[PDB]
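Working from the sequences, and respecting the hints, build out all of it.
2 protein chains.
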Amino acid sequence: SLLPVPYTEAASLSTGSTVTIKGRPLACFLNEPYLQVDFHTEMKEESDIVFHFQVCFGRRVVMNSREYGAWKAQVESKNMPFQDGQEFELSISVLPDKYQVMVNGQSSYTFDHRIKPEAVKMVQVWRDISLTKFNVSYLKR
Amino acid sequence: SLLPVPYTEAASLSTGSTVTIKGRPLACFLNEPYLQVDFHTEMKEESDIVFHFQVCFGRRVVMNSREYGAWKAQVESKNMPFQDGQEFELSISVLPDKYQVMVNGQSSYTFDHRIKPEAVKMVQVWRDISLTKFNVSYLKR
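Chains as they are written, first to last, in the working numbering: chain A, 1 to 141; chain B, 1 to 141.
Among the clues, some could well be false.
In silico DSS-like links for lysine-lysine, alpha-carbon gap of 30 Å or less [as the list claims (entries may be wrong)]:
#1 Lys78(B) - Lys140(B)
#2 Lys44(B) - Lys78(A)
#3 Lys44(A) - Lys72(B)
#4 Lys133(A) - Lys44(B)
#5 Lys44(B) - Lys22(A)
#6 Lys22(B) - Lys44(A)
#7 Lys133(B) - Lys116(B)
#8 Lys78(A) - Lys98(A)
#9 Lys121(A) - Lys140(A)
#10 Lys44(B) - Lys140(B)
#11 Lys78(B) - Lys78(A)
#12 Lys78(B) - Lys72(A)
#13 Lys44(A) - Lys116(B)
#14 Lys98(B) - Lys44(B)
#15 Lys78(A) - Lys72(B)
Derived by calculation from the structure, the hints in this document are not laboratory data.
Rendered as structure tokens:
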């Protein structure tokens, strides 16, 4: 749809920042489309990832970090608030101790900070979705 | 690039048919982009899949069929002829007993027929690639 996918935006994050994403899977859940959101330390796609969020729609979510080129301890969730065939609204809030992921207004995942959110320089949203909205808030000191 | 992804084309297959695909991953291999090619029994995306071919670039390939809505026995390969950052040419030939997958001219995977190739009505190419060429040959009786 509207925004290009893969979608890359330079970004800064700190406590109080919110990343808002509205989009839709490109396939029915039987075909297992993916969604991935990565908070990177540089604009380069091969850079480290402070927060990796990967949905296999209808199946599972994995979260991780990639530090000095290497994936760390994977967190796997079977929580699946996403609905087959539907648009979703994803909010990722930067709290003092963790990221909180809201899906369609419902708290759905959290991930404790392994690297300070101030290390983030770029956000990438990609895999099997269309994207109609992407925002990073910048209202707090 | 040129062709829309996900890419869907109505198709018929029999012994001697070749499916030719030229494209490029949308991400470096460190980020594990995927490629998927599915030979479907109907135009509907939720229809059965006579041949499912899914590459996790740099990691593995899985092949399967989806019959009456259910995935069957997975075949997993660690053969990885695809090159990081490069365009690829994929050929899938319909032989009497199997599909043969050539990558950049090199025989790389085969998959014995579980359902007659004449059941195919549609081919879908999707996930994290751009596509510049897609062809199904129709020269044989």
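Structure-based check of all given hints:
Note on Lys78(B) and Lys140(B): the hinted pairing is violated, with a Cα-Cα distance of about 33 Å set against a maximum of 30 Å. Of the supplied pair hints, the one linking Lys44(B) and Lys78(A) holds, its CA atoms being roughly 27 Å apart against a limit of 30 Å. Of the supplied pair hints, the one linking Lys44(A) and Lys72(B) is violated, its CA atoms being roughly 39 Å apart against a limit of 30 Å. At roughly 28 Å between alpha-carbon atoms, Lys133(A) and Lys44(B) fall within 30 Å of each other, so this suggested pair holds.
At most 30 Å may separate the alpha-carbon atoms for a hinted pair to count; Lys44(B) and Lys22(A) meet this at roughly 25 Å. Taking the CA atoms of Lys22(B) and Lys44(A), the gap is about 25 Å. The hint holds against a cut of 30 Å. Using a Cα cut-off of 30 Å, the hinted pair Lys133(B) and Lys116(B) holds, with the two alpha carbons roughly 26 Å apart. Simply put, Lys78(A) and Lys98(A) have alpha-carbon atoms about 19 Å apart, close enough for the 30 Å limit, and the pair holds.
Between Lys121(A) and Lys140(A) the alpha-carbon distance is near 17 Å, which keeps this suggested pair within the 30 Å criterion. Under the criterion of a C-alpha separation no larger than 30 Å, the hint pairing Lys44(B) with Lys140(B) is consistent with the structure, at around 26 Å. For a cut-off of 30 Å, the pair hint linking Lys78(B) to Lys78(A) stands: about 27 Å separates their Cα positions. Taken as a hint, the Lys78(B) and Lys72(A) pair is honoured in the structure, with Cα atoms around 22 Å apart against an allowance of 30 Å.
Among the hinted pairs, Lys44(A) with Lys116(B) is inconsistent with the structure: their alpha-carbon atoms are about 46 Å apart, more than 30 Å. At roughly 24 Å between alpha-carbon atoms, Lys98(B) and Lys44(B) fall within 30 Å of each other, so this suggested pair holds. The hinted pair formed by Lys78(A) and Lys72(B) meets the criterion: a straight-line CA distance of about 22 Å does not exceed 30 Å.
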